[PDB]
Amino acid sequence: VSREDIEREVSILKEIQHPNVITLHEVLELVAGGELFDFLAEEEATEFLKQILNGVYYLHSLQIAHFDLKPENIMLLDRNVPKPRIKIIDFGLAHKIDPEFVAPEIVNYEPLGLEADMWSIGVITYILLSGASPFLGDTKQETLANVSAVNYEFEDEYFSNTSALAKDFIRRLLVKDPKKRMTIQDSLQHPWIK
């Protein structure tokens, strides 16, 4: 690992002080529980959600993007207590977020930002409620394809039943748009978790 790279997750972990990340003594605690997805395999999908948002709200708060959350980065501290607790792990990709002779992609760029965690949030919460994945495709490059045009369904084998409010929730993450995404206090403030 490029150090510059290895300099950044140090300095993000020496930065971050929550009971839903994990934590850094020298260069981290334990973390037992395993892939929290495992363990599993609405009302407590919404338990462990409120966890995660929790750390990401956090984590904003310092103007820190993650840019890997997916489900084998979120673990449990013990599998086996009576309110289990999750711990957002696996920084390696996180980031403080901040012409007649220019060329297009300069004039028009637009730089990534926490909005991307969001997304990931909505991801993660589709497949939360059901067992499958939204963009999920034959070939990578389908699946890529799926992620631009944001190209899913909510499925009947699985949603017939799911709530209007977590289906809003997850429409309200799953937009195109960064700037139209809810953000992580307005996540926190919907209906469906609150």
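Whichever C-alpha set is largest while still superposing within 1.5 Å between the two forms counts as the rigid core. Residue numbers count along the first chain shown, from 1. Compared with the form deposited in another entry:
- In the core-superposed comparison between these two forms, the C-alpha atom of residue 81 has shifted by at least 2 angstroms.
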Contents of the next structure:
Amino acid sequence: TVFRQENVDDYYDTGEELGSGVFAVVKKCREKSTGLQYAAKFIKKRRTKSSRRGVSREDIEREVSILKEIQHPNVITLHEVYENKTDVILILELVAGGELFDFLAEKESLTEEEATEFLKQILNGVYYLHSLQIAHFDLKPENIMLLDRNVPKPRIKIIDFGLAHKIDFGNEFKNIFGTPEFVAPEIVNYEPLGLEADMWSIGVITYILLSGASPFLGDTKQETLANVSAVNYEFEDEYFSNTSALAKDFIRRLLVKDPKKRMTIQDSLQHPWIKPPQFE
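What does the same protein look like in the form deposited in another entry, given that the last one was the form deposited in one PDB entry?
Only one chain is given; partner chains and other molecules are left out.
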């Protein structure tokens, strides 16, 4: 699909850099006609067919397609898309309160309530996505943003649809591989992938939220991946001694090697605790 080829600078003014990735840079911007602010994600295009620099048009179009489908309080949303010879520029809903990653770094250790307040919103967003048969495939604290970091219980939006795929046959097979710390065993082992991989990532995020420690993280990427595939984690008493047994139960039912045996997003919302890049 073609996108708007007018100069985005004719319509927006850019400001502070919000973040970046390997082939993307995200800048705060303001739309001239409305004064409204957005996050403009500039994705570098591939210069040739065989090139390894840049993102393939197929991959850019998938992210755009998926983003166009979604409207939910806990997901990022797409306003407009522009392109030029070098970039596709997604004008995204601005999430101005920083990454959950940065909040967790700056904050003292979370209470179980603080953890479940973030987690319930993540679960609601993922419920929405999975209802649409969208697997996010890159859930992790840097891909969660807070609307406003200065309130007691910050509201969040899931961002970064760069690895997201529609799962219309129950599984996909094109290996998608995110960050070792957060990927499920089926990703590590290059097996067919579905919505279950997100549920594993939620288990890892939950472990981190409650403890400030990462369940599988080793000193090298290969060590982490080996730990993930073997389900080599435990609940360290030093971090978890005042954490409830129900919270541990929730995590234990997500960090399951067999994706068929792992809790689904619906299971996770009914669970008694809740119910009211890979290479060195």
